[PDB]
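Single chain ahead, by itself, as structure tokens, in the form solved without this ligand.
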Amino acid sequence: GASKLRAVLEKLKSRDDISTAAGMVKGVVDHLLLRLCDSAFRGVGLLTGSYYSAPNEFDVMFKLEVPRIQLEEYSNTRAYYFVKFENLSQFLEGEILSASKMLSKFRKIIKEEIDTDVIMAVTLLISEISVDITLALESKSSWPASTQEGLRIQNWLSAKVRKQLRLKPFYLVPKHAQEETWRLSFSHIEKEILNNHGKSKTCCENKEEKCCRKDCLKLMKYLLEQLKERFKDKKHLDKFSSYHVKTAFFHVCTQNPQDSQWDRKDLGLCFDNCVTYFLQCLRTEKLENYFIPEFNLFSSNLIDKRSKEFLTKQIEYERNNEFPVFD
């Protein structure tokens, strides 16, 4: 029953509709970067606008190079940190850097340069299409000791690649934990190891090496969004996001490191295994962050078992009926 999934893939490929709309966004973003003329946002750049069933919604991240940072871990929560440190000290509240103040001037300088308006990091609605903008510090120092045993790809993309990827800078993003904390972000690494997906360097570059990894992730996200929309009336699925399903997908990738276990003929079986693993994470309330292995996205402190037991029930019914949410 894999043709119904490829029929979904066929309809999912809204290909030109996102291509023509991204040009309108490119102007707004390029017309946003010049105005942050600010001393505070001098070295601000971006991180190819992403688009996680909604071709009219975008999210771009604005990198801000911050040199000579030093991080204090919050409270054994290995993903949230305080930031310490030719000098810029407006938001420097004592020694910790005020995330709320630093985000306020970011919202302020952006609201000045903006049928384009702003909603309550930053979302806008141009020409009636929305763009989420995110502020991120860049630290070219070594990755925090909380990441050392994460990104277990040595058996899949090789240890030589993992050492190379950990040479790259990491990113911190304002995110409360109960406030004034920044969270570790490796979205750039996620982009890297998704477009260089295979164990073979020529994977998917020829008909004999066509795998179904990207297609499995796309259906995982599509399944979640469809059910997130179907049950919009209640809020049981509001705490789930495509970051969870893509983190689970990465754990299936390190579990099945060979390209032979991802042949496009076995798309139905491979996707069935991807759905099976995501359900196991739901029931056991365990899905470690791919880069911070001690950070549990599915801990009871973040999502309650009632909402996971609801998501599990919906997915189990879907798999047992050839996924009607696709119809």
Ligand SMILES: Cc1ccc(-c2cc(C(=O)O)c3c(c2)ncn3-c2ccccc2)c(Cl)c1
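C-alpha atoms forming the largest set that superposes within 1.5 Å between two forms make up the rigid core. Numbering follows the first chain given and starts at 1. Compared with the form deposited with this ligand bound:
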Contents of the next structure:
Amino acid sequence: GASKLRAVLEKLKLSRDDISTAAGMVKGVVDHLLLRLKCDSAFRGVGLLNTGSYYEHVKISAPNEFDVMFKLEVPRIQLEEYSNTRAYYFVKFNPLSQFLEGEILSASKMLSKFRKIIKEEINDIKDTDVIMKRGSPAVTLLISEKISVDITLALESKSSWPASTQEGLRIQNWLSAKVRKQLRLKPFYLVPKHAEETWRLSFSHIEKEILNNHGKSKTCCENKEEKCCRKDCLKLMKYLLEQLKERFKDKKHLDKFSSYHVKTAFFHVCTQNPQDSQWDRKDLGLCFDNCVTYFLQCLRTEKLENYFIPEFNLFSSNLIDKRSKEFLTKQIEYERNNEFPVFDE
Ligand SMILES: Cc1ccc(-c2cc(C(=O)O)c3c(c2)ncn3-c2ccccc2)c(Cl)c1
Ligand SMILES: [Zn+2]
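For comparison with the form solved without this ligand, would you give the structure of this protein in the form deposited with this ligand bound?
Following is the full complex, with the preceding chain placed first.
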């Protein structure tokens, strides 16, 4: 039961060393690219956005896959929603004036200069071997034929969040209305994920703020009396998907699913189960089942709301085809109904 889950968590700890050295390598490449991007008049204000829950500037999206975001302070920004998509927007408003097409800031034009500067730069430093693979993420780098890092350019807006987020981040009953107000005072980000000229709202930087401050109790997981299993359930959900994707690699049925889908479902379960007593460490097996059952429901109903934009369906036909969702539904059901044989030794 839960002893199989606890065995999985123990095994995962054994690759901490490989992960930290890989993240060190990513960190070096990113610092170098940050230096050259700052030379360009367009990207002078660029900087690293702190998104990682364990490492600072580096998010781990899968084994040997890392995620980095470059933020660009762009003030006096005005948004125009693209055709009721709730998540995609035209950006309107001098350093960036080169990227204008009318009153609109072109995502494709800015991404193209971003790409070109990075592609130039990875040639020079022969300290490590870095190539460019493959539109968000802007750049995927492959380091040493092993480690891949997705680099995402993000405009930073310090304005109030767009109205499409008004009913999102539904944490009031869990983390309190006070915390939700404070979080909604932080900046938001636009990335050039095209629905073209459209940008997508991004709140990835909020994850670290909640995952490591995750209890109804302010001292959840700060002492021996308050140990919950929230983080371990998220780890197990990510590992479930990673393992399924590897086993179904012959026909790549699951290519479209990612840890972002897993995380979103997991934080919806945290909303539904707001009390720390619903995440007691002794209850790991039931808590994990809660998480998997909700993910299964999202798959079967083909509905997974963006955590911040409730009318944006991560599982829409526009984003993931029906056959892929039907397929993973079937595999998750099987795993859940059979006590997760994908976790067997
Ligand atoms: C509590 C909490 C906090 C943050 C997130 C979060 C949000 C986004 C987003 O789209 O705003 C994320 C992400 C994680 N990882 C990736 N993206 C992302 C970013 C841009 C485009 C597509 C995808 C979640 Cl799920 C829950
Ligand atoms: Zn806790």
